[PDB]
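With chain A fixed as given, assemble chains B, C, D, E, F, G and H onto it according to the hints.
The chain contents come next:
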Amino acid sequence: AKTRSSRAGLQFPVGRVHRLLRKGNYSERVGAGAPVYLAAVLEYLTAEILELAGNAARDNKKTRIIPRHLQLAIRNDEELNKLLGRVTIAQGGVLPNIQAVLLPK
Amino acid sequence: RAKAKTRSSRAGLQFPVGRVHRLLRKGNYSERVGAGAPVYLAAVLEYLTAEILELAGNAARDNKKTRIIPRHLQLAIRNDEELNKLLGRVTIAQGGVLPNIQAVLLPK
Amino acid sequence: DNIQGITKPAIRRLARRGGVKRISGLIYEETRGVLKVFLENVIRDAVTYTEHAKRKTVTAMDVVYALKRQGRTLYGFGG
Amino acid sequence: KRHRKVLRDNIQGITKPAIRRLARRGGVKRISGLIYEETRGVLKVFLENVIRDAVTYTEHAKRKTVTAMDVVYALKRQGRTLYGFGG
Amino acid sequence: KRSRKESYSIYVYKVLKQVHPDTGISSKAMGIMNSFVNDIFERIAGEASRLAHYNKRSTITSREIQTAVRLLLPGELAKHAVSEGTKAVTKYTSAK
Amino acid sequence: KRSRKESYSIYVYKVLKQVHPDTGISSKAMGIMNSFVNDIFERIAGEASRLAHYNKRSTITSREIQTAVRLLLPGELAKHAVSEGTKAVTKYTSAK
Amino acid sequence: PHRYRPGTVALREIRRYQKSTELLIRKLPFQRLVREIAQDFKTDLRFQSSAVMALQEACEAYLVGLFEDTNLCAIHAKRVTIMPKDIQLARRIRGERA
Amino acid sequence: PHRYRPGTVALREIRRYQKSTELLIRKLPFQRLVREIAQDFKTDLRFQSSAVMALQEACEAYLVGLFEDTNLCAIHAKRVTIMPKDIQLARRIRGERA
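Chains as they are written, first to last, in our numbering: chain A, 1 to 105; chain B, 1 to 108; chain C, 1 to 79; chain D, 1 to 87; chain E, 1 to 96; chain F, 1 to 96; chain G, 1 to 98; chain H, 1 to 98.
With the rest of the complex left out, here is chain A:
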């Protein structure tokens, strides 16, 4: 009952990836390692965002993740923000922030 993915310990589809790699004008030939590794990176990152947004959604008392939660998850995280720098999240909103100079007293 082993699946290429399950040999590699991944939810992410190693087979799918290894096709998308051949079919995507990346290179002539694609190593059998590549699509494990690649899939494995995508899973890690996907998992990191979900754990963070999961908590955003619990913290704001929800069973379901929404764009905001993902935006919070990413924007409130030094590194993910940097990775998704030039990337607009539809329906995400912006981080509450008012420049101090503008406040009273």
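If you are wondering where the hints come from, they were derived from the structure by calculation, not from laboratory data. Please note that a few of the clues may not be correct.
[Stated by the list, open to error] Here are a few chain G residues that face chain C, going by a calculated C-beta distance under 10 Å:
#1 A10
#2 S20
#3 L24
#4 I25
#5 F41
#6 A58
#7 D86
[Unchecked claim] Simulated pairs of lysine-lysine, BS3-like, Cα-Cα distance not exceeding 25 Å:
#8 F:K14 <-> F:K28
#9 F:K56 <-> C:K54
#10 F:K17 <-> C:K56
#11 F:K17 <-> F:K87
#12 D:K16 <-> H:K19
#13 D:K64 <-> F:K17
#14 E:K14 <-> E:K91
Idealized CB from N, CA, C, for every residue including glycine.
This is chains B, C, D, E, F, G and H only, laid out in the frame that chain A set:
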């Protein structure tokens, strides 16, 4: 046999259509490349080459020089609105910058 | 000209989200000009995709693909 | 090899007079004192980032020598395309 | 009938139920997630594609993927992304 | 004997002599003309590659090279770039 | 006769719209402006709703972050009121305009 | 004896350098700063001179430009004197820092 006529010569071009064709096929752009593509491209590359060399060449004369140099290019490009858009993240080695001193930094 | 349809108060709300506290009245025209240029530059590209697919309907992807050429990359419309 | 291969603290080799000139090219007239040590940082950070990737391309091709082209690739990764050293 | 348009949204669901079993996800949120997979897949793939081309190689391997991942993620993410990527190919080569 | 390194330089010269007969060019400047051709190839070639792949095609044609050119070049440059490409395709086609 | 002083509502509006994610431009107008602009490229075009909504998501983003950088340009010049010269600088540094 | 009012040489130096292209940082120091920084990433690294030349070309160019945006950010705040806060603004806007 028929005697070899280059694809460049059949298209009225100077830039190698042949080379281009090969570079396309090779560069992981697509599985198949039309016979059109490398002509059309080789043209656009000849065009853009000719536009810059027309202007740079002018900027060489402007400095009383027989030879175009990095600076002559940078001048030609930066003073041409479109080219400058097209090379707005390109750093020209040894090309320096346009004479420009801000108004309020001039005297009285 | 629907460019005016972009009301002063819609420009105010936007500015409020951007942390802005006090707005020059000159800005609402200034903003509009910019928003038009941004659209032009996006929609021009989008509808070049439209026309290249021999379509008469602009899709999300057309837009998304344009926003990417413009380094304005967009998540959640089919990326 | 191991012999006589350890560097000093070379960021100070970015002399005030040299920073001043760069700012001149940039059309700048009057220059706060604090500028020069700020610039040194900025420059540092620049080179760090550009170099790291440059070297990553070096390591990947399994060279012990950084190339023209490593720098060039790295600069292009960082959106700072450079003409007239190949590519 | 319709199209038969692929996504990743089952794999997102699997990973979600792993890190937050009792939490779920709105459809936009999902489409956001899906966009994000495709983005970074393309980001890494390109760099890998290039790495090879630069080094006259025909074949994008797990090596190119790692070089590219080092170059594209920031250090701390990158440390872990390599860790997992390494770990998985190790665990796939020791499998069958 | 050194193994060969290809360059657009001779085609840069032929175009140079077409445009400013009595003007020549410094090595370093030719180095900039090469980086420039090479840059704009990679752009046009890339955008076409993307264009086909977006439209589920295996073949980049002169039609992709064109749509790409319209996207990458700005106004009056791209016009000339098309017409000049148009001419050059139509010449080849009629001169078989 | 109760009257919030100048700047104490504006402050509330800031807090409000930052918290929220809904689009701040009224939808029908925006959509007219889209077809208007599109006209000048190609006539009798049709837009998937979501192409228009994709487009609005991005205008709104584009703008809100420009207003972010505008506000700084205000403050860097010892001001609180954003002005055309503050947007102009924000775009000139960003590299949008020349 | 002959003395030029403050700025009269600044302006002259500006005109001097804009007109030239020659690299303004002293080459050997730059070379040393490269290898010193490359050590943080990998030891016993050799450099093609052309690499260090690309790395210098690229640095000055970068900085020359950062100064342009800094010089605007000074002027924008009614100054003529660039200050560190001017650089930091330009970079925040350019999205180099957050």
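Now the hints, each set against the structure:
Interface restraint check: G:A10 against chain C, minimum CB-CB distance 5 Å, threshold 10 Å, status holds. Annotation: G:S20 was flagged as interfacial toward chain C, and the flag holds, the nearest CB pair being 8 Å apart, inside 10 Å. The interface hint given for G:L24 is met, as the beta carbon of that residue sits about 4 Å from the closest beta carbon of chain C, less than 10 Å. Of the supplied interface hints, the one on G:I25 holds, with its beta-carbon coming within about 5 Å of a beta-carbon of chain C, less than 10 Å.
A least Cβ separation of about 5 Å between G:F41 and chain C falls short of the 10 Å threshold, and the interface hint therefore holds. For the restraint placing G:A58 at the interface with chain C, the shortest Cβ-Cβ distance is roughly 5 Å, inside the 10 Å limit, so the hint holds. Because the closest C-beta pair between G:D86 and chain C is about 8 Å apart, less than 10 Å, the hint holds. A threshold of 25 Å between alpha carbons decides the hint, and for F:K14 with F:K28 the separation of about 18 Å falls inside it, so the pair holds.
For the hint pairing F:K56 with C:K54, the CA-to-CA distance comes to about 13 Å; that is within 25 Å, so the pair holds. Proximity of F:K17 to C:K56 is assessed by CA-CA distance (about 46 Å); at most 25 Å being required, the pair is judged violated. Only pairs whose Cα atoms come within 25 Å are accepted, and F:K17 paired with F:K87 is accepted, the gap being roughly 21 Å. This hinted pair checks out: D:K16 and H:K19 have alpha carbons roughly 21 Å apart, not beyond 25 Å.
As the CA atoms of D:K64 and F:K17 are separated by approximately 43 Å, the hinted pair breaks the 25 Å bound. Restraint check for E:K14 and E:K91: satisfied, since their Cα atoms lie roughly 20 Å apart, inside the 25 Å limit.
Consistency with the previously given hints fails for numbers 10, 13, ordered from lowest to highest.
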